[PDB]
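Heads up, the chain below is alone and in the form deposited in one PDB entry; it's given as structure tokens.
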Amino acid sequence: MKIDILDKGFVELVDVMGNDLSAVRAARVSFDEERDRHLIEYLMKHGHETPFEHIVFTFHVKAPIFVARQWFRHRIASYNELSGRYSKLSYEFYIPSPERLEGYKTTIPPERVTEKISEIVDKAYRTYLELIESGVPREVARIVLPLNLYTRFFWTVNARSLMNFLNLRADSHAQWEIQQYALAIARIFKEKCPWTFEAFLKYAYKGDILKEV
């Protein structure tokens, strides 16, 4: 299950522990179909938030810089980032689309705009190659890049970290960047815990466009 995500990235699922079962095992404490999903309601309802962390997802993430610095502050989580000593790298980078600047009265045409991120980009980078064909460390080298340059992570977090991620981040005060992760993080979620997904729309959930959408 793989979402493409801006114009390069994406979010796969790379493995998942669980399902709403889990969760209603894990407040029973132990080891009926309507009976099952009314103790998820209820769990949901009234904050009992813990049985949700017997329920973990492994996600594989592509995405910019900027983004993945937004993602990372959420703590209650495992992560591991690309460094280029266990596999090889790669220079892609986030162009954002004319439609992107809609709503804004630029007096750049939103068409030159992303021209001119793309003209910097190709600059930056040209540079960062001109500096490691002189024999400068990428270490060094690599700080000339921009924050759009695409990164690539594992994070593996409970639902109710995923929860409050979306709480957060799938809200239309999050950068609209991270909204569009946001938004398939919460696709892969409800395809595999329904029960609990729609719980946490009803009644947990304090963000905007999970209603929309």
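Positions refer to the first chain, counted from 1. Superpose the two forms; the largest set of C-alphas matching within 1.5 Å is the rigid core. Compared with the form deposited in another entry:
Residue shifts between these two forms, rigid core superposed: of 76, 89, 108, 140, the only C-alpha displaced by 2 Å or more belongs to 89.
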Contents of the next structure:
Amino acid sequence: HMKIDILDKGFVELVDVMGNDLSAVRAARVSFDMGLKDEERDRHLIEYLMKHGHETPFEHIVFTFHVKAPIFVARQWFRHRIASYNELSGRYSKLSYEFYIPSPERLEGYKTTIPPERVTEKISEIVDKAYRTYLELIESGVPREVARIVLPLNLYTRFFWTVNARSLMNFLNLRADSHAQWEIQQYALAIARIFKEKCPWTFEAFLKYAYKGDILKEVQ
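Based on the form deposited in one PDB entry presented above, generate the structure block for the form deposited in another entry.
What follows is just the one chain, with no partners and no other molecules.
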């Protein structure tokens, strides 16, 4: 159970895993009517599959994560269809006062007419007003599913994500990359760390031969 904190209140937590590097090896070797051999040959096979684009053996390694993220990050995340999701419902749950407030450092490198600290304050102010309106509508008898429509996109949500290593590697190619929004790159970095810990050979081979993004080769 590895847990990595992301942003001001979010996290990525490993809930469960099926298999390891040898799961991909065993699945690849069935093609030749073979099974496992030895650490050197098996690790060499992992590198071979990654170098030649033999991706299907990696589908037999599966992960389950527990993620707490702002809704704008979850909307980008939930576009990855080759995976399983189960999320907190704003129709049935009374939502908590938990929102992503960017730190002033998030606006570094941008020439802004107002200080980054003031942008942080303006964002906090609007979430405070929206959350107060939400509670007022709830207390006045407005059904939850309608009252929440005033809540901003930085509202924190929670979800379970079940994904295989092949789809997870596609997620890393697209999200652990400077073109993805900074907030989701941070989440992808945490996914990469858990992946590296559970599948060191696959992760190392992935970075070496198949990884298409840019930030995982620069950030340890």
